[PDB]
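As you look at this complex, bear in mind that one protein chain is not there, while each of the others sits in place.
Chain lettering (A and B) follows the sequence in which the chains are written, and residue indices restart at 1 in each chain.
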Amino acid sequence: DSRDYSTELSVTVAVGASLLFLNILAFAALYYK
Amino acid sequence: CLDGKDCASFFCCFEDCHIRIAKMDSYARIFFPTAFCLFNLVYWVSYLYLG
Partner (left out) sequence: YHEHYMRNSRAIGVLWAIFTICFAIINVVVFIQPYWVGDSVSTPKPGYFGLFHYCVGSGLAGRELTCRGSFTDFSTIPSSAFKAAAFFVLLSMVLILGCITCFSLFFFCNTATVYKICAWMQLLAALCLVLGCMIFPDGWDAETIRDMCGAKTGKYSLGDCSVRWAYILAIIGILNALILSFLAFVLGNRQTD
């Protein structure tokens, strides 16, 4: 088997960045007076 | 600061709460079923599907 985990680390980062981006968008909503 | 609130004014809600103890049963009629239902969901999913 290809014992490489680059692909899985890659996908894990995309989902994490999406969640963090949505959270910073929530901050953009609230902090905007 | 962010909201002009000092540590105490922004983080701890030590301004009201205790006083609200007569409604202790009011919380329990929905707090306890939520905790048990939530515990079952993590318990059953963990042992049956995740591992």
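Just so it is clear, a contact is a pair of C-beta atoms (placed from the backbone, for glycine too) under 8 Å apart; a residue touches a chain by one contact, two chains touch by 3 or more.
Shown chains touched by the hidden one, complex as a whole: A, B. Touch with the hidden chain on the side of chain B covers residues 2-3, 5, 10-13, 16-17, 20, 23, 26-27, 30-31, 34-35, 38-39, 42, 45-46, 50-51.
For chain A, the residues in touch with the chain missing from this view are 3-5, 8-9, 11-13, 15-16, 19-20, 22-24, 26-27, 29-31.
The rule is simple: only the chains that are shown with their structure count from here on.
In whole angstrom, the spacing between the mean C-alpha positions of chain A and chain B is 27.
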